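As a starting point, one isolated chain is supplied in structure tokens, in the form deposited in one PDB entry.
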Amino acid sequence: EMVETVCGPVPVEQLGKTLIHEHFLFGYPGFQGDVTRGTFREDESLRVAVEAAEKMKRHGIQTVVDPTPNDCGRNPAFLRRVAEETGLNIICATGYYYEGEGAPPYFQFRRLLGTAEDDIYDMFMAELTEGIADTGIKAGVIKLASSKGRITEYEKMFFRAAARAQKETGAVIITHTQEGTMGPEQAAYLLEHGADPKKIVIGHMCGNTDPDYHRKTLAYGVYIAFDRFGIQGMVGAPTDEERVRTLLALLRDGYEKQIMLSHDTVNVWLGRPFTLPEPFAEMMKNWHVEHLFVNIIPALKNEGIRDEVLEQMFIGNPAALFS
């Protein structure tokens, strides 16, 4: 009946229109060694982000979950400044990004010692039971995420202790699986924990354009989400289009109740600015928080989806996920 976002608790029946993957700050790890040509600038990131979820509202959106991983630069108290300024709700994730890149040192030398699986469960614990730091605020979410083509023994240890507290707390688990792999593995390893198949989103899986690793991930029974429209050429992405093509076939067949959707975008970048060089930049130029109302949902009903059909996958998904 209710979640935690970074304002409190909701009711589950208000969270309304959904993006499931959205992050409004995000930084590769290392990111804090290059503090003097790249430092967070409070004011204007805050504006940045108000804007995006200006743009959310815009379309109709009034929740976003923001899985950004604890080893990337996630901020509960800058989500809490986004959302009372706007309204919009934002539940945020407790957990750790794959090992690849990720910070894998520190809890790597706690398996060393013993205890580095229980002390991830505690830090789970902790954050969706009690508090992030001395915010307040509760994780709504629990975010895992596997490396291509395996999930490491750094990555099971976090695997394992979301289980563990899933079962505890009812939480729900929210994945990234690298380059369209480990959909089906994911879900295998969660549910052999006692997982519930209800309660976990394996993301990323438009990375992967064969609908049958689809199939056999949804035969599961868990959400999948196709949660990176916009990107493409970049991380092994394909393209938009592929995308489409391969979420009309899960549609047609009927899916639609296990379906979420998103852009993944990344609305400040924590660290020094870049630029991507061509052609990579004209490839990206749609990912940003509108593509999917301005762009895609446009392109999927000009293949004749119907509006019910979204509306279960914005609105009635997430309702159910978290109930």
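Here the rigid core means the biggest group of C-alpha atoms that line up within 1.5 Å when the two forms are laid on top of each other. Residue numbers count along the first chain shown, from 1. First, how it differs from the form deposited in another entry.
- Of the candidates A249, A77, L191, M234, the Cα that moves 2 angstroms or more after core superposition between these two forms belongs to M234 alone.
- Relative to the superposed rigid core, the position of the CA of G140 differs between these two forms by less than 2 Å.
- Superposition on the rigid core between these two forms places the CA atom of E101 2 Å or more away from its counterpart.
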Second form
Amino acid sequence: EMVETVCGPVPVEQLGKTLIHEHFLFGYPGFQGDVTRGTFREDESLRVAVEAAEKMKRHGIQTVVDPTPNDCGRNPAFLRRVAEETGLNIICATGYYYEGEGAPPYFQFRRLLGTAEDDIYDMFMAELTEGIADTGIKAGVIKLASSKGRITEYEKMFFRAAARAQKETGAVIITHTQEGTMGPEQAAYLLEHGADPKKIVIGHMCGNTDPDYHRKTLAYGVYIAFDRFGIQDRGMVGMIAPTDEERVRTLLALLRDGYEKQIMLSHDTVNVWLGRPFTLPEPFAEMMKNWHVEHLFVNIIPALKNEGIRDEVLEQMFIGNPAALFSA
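Right, and the form deposited in another entry of this protein, after the form deposited in one PDB entry?
Keep in mind that what follows is only the chain, not its partners or any molecules around it.
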């Protein structure tokens, strides 16, 4: 009945309206090496993060899960300052970024020592139950991710460690999938290893526009997240994301099938980029103009209500699902 937040344990019944995937700070691994030209401006960053939090609060949001991975600039103390300033509950994660073009050598080195999976498991337990770094702050979720079209051997170490930690703690697992792939594979692999489907959120499911893919994932009993609202088409340099229009189409088909108790919604904003600032060129910026923490509320919700979605169903997704997810 409690969940760990950056301000300590909070009753799950008090989380209220929740955004399941948003980043106050985020940096792509490697940002740390660009410290000279890409210094962290903590005061200015706290201001921007506090403003983002207040914009969420504008729409009744009481809780945010910020699943920034350990190698992507996760900063629990900074998050505590945001929470203390705004009264928002913020839940952070323990986890590493997916492999990408290739695995970082640290845990690859330890795999060759034969201890990597055990070390990762130990990291998860420490961070879920003892405290992160120089603080007593505990993570409330394990963050996993897989690559496009495969869960790599590197990534599987974290999946196995997460299932183990999940069994010991009852902690929630949040994932990120790359380019609308591996949703069924993620669920199947975690479930093979004894993870509880009612404690799993398969992320970035909005990146696939085929409801049959969503149904194949939903059949495992897991939650899914349409968590990149506002990231449209070629707006971000990485991939080609779907449009919001396509997300909404996909979502409405699932809500019409009555899957509302398995779906959560978010934007995956990055409110402060770590490392050196950058700009997007004119036409793509236009594609990203709605990528902000209010978008779901001021744009997506009214579209859904005009399409016949009731407040009961919306509140199931924003309130009921997070409460169930984080409950025993």
